[PDB]
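Next up: a single chain in structure tokens, the form solved without this ligand.
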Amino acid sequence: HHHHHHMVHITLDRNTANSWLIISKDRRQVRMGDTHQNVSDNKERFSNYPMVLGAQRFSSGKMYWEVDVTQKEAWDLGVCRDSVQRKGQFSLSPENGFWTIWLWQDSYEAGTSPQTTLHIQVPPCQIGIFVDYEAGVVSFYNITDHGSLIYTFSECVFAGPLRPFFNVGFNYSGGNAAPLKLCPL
């Protein structure tokens, strides 16, 4: 792809994080802690899943960033509306304000409703995410496989400002402790 020149510097918003997440000093990495991280509750925190938002809000333009997923077994990545539900159970779908892909149980899927099987021959260690606000597009790229296309959501109805979206996944297996990392420009 040729989207690299739209690179934006994303940082994580601590205030939105589930209370078990540990975000690095530079706000560029996040991992699952083994316990509650001793923060106060607030209405912004995702309560039921290991989720966090980027601090940046987008309402126009073209934006690109990259995320390192090395050695993870499960995660979700993409964008979401600023006003998505934070508390309780919900599915990741465009109807609920999410444009995402995930890894789960050795396969990759797009967060449509119902979900869509992805076709990935080279498991990615880094993911590229491209948003074209005006066009209504969210696309995902396999950086490990020379930038090959993973998935495009088109005809998106964002209906609000967008924020970068992350889920580090649970670590029931003991094999999913590795962080998500925002990769340098």
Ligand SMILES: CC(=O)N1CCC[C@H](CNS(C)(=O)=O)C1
Contents of the next structure:
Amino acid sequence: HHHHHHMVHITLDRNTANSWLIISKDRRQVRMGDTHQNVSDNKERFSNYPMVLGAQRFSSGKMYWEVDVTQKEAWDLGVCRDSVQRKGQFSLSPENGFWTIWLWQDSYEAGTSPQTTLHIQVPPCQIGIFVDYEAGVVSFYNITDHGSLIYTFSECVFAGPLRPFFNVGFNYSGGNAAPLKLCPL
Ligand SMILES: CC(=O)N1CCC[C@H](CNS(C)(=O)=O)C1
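The block above covers the form solved without this ligand; next, return the form deposited with this ligand bound.
So here's everything in the complex, that chain up top.
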């Protein structure tokens, strides 16, 4: 692909983070902590899942960023509406304001309803995410496999400002402690 020129500098918003997450000082990395991270509760925090939003809000234009997923067993990545539900149980779907892909139990899937099987021959260590607000497009690219397309959501109905969306996943296995990292431009 040739979307690299729409690269944007994404930072994580501490105030949206589940209370067990540890966001690095530069706001470019996030990982699961082994306990509550000693923060007060607020209405922005994701309560049920290890999720956090980017600080940036997008309402127009073309945007591109890259995320490092090296050695993780489980994660969700993409964009979501600024107004997504924060508390309680919910599914990742366009109907709920999310445009995401994920890794879970050795399979990759797109967050449609119901979910769609992805066909990845080269397990990605970095994922590229492209958003075209006007076109209603969210695309995912396998940076490890020369930028090969993973999935395109088209005819998206964003219906509001978008924020970068992250889930570091649970670490019940002891094999999913590694961080999500926003890769340099
Ligand atoms: C992320 C979160 O809200 N919580 C609360 C309940 C217990 C969970 C245990 N953490 S785990 C999967 O072992 O890494 C962590």
